[PDB]
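What follows is a single structure, written as structure tokens, with notes after it.
The complex appears here without one of its protein chains, the remainder shown in place.
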């Protein structure tokens, strides 16, 4: 699904995810969040299963964005873990973990959890 | 914390995490899991905050492993989200999401969640 | 939101959630899962914020189901954590953690994570 994953994706928050999938399983691109302490594009890197099951299963993948670029630094990183599903209604369904740099006293409240669904439209 | 993050790390399960941190915020290396449907080394890629807060806070980071290599393919990917804390007892404290490629009927049970703590010893 | 929460709810999987909210913050009822190692109704108990913010915010709540009843025992428990939002399109948006009883060797893969959205219709 190198061809299927590569391109521009949009989530339910209006965020924009631009990615190139390599033949080996590399994911590389940029992420632009429509919400939060973020502006403009951030580097993303990740991995995907380059030889997925051919029994109608989705393609497992994940990627990371560290929320530092030339404009801002939110001292945090989000990882998305999920699967790509092809076809007419192609989707990337994910759950994510956003961890912020904290003192040891605030480590217990360092990590947000959510879920994003990405589509080729919107 | 380019110097501090780069090197070999070990978690509570006995897994081995070897990483190089770039000046820009890149993480690159290999992961070897002591448990599960895995054998030998897998490529990992990630991001970290290359200019963290200097108020005693940890350094936010994340990385992904797709569980395909030359030996096995478990049709899944794990992302670790957490923070690096330096000093005598240097640690990377993480929470992770392991997503497997599934049919749409089994998507509800596609994602495991856990937490790993990595140290420079063990 | 004692009145608003009390009643029958349905999620995206077709599962049925029947609950009574007490004036103090108690949640009590039964849960029927449309998927997984489950059949018929299971006891649920939980808590909700009985005096929520009046600034348009949702009402925080949570509940637990242990997957043992007279028909089956799946040796597991799911907790849903989320918020109730009233109005025309009333919803309970949740994230959940399903933990299974495991040996210490399999504890790392003991917990599934997902998200359910419940509505008054369907």
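Residue numbering begins at 1 within each chain, and the chains themselves are lettered A, B and C in the order written.
What we mean here is this: contacts are C-beta pairs under 8 Å (C-beta built on N, C-alpha and C of every residue); 3 or more make two chains touch, one makes a residue touch a chain.
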Checklist outcome for this item: Answer key for B:11, B:95 or B:100 versus the chain not shown reads B:95
Next on the checklist: If the hidden chain were put back, which residues of chain A would touch it?
Outcome noted: 13, 35-36, 97-98, 108-109, 111-114
Checklist entry - Which chain B residues would touch the chain omitted from the figure, given the whole complex? => result 95, 113-115
Checklist outcome for this item: Note that chain C touches the absent chain at residues 24-27, 43-53, 55-68, 73, 75-83, 85, 93-104, 107, 110-111
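The criterion applied here is as follows: only the chains that are shown with their structure count from here on.
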Next on the checklist: From the mean C-alpha coordinate of chain B to that of chain C, what's the distance rounded to whole Å?
Outcome noted: 31
Checklist entry - Of all residues in chain C, which are in touch with two or more distinct other chains? => result 113-114
